[PDB]
Amino acid sequence: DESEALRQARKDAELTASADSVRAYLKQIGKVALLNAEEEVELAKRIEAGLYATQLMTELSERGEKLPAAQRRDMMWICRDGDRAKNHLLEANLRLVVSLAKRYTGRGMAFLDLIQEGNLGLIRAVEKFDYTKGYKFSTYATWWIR
Amino acid sequence: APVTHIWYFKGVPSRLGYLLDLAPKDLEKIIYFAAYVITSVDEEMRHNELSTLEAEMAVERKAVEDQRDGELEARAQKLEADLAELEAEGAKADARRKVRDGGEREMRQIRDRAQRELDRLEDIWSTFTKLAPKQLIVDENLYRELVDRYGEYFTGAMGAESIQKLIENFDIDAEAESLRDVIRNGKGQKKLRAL
Amino acid sequence: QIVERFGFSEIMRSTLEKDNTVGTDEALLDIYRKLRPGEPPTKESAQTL
Amino acid sequence: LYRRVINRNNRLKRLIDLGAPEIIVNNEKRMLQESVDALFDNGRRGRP
DNA sequence: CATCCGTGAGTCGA
DNA sequence: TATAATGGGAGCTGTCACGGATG
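As they're listed, the protein sequences go chains A, B, C and D. Read in order, the letters of the first sequence are residues 1 to 146 in my numbering. Read in order, the letters of the second sequence are residues 1 to 195 in my numbering. Read in order, the letters of the third sequence are residues 1 to 49 in my numbering. Read in order, the letters of the fourth sequence are residues 1 to 48 in my numbering.
Quick caveat, the hints were computed from the structure, so don't treat them as lab data. Wrong hints could be hidden among the right ones.
[Said to hold, decoys possible] Partial chain D-side listing against chain A, Cβ under 10 Å, derived:
# : residue
1 : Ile23
2 : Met31
3 : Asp41
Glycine is no exception: its CB is placed at the ideal position from the N, C-alpha and C atoms.
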């Protein structure tokens, strides 16, 4: 079924980058897989943990005292993992922005400039996302990106 | 963030391309973020750990090869065991040819899947060993793999600011004489581009 | 059918002979690869366009 | 063309503070590149 | 010796 | 600003003669 020719021909195309700036951005997004309903919840759980390990140490730096070498390092990893998980949730639903930015084309503002500001909204959206409500990420994001 | 003056890039002959001995086509994939460019590399540290790194990379290759040979063995075991199980069922001998070819096709895929892994690990090791400034790694995954494996050894950048770095570490005096030597050589085609 | 319909000429016999690849799948993929480089070539994405 | 550059250049500043993913950051940088290029010489690279 | 990109192709007026 | 929603869209058509980089 799967020939060796196609397996080489696929990577030949994908590896080459088109001249259109719009296309080259569209191609880059297609890499990251879309998120499952429960997968979304995981990241949300992670970011919350990550976003909170940070709030701890933030106020601790101004007051003075700091955690021990075992705690601060364990604390610091949640911070990394959290900020890492953040950058994942954005890259995943990066398609979502492009989906409803295309509708605003031909309005005296560039498509790319529309996606970017749309992305900019997506960033704020993921910060105030709450996984306690059984709502998917796609709904609370849309209202933010619009 | 820095951005390249279009007049010296797209203007033909590409002044920037001529300065860094870079291809007009390759220069594109850098500046407009379609390919990473190797900016600098700690060759000494690469050398001082070259012996150990090779050993590491080799064990990973073997561990790939070991699983392949064990995975293929188990499949040959069940291929022969099923062709006899369908023999104890007294099925038509031609109906065993569908099960024979089925196994051979499966074993083939296994070997090729394992081979593509080895070939990647080959292209990975090959790339690192011969890594140097002004190299373009247009394939991101190899680069992603490359940064993680030996990120401590080189400086990988991308875009218009990476171009800026190349210009910074650029020795005009050295690159000038290096071209006059090629001019002193009679060879015409390489003297043309060096002129 | 290529030999049948255009066989009366030696310029089409010479064309089908210098033909690089054969196969309905290998033709669509080939045309796809030359029209839109930079995109994943499915057997169902080349048949479509 | 001036207004185009500054709008994107500023946007890049906001994204960096936000620590946006490199995929988004790099897209902006590319846009900025073409914006300044379009200003300096329109149609030269890519469609005008 | 033949392809690909970039750059030429009259002036006044209306 | 909490239902869920997740990869664009018009291309543009009838030059011409030439030098430089590539063949």
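* **Violating hint indices (sorted, rising)** => Structure breaks hint 3 only.
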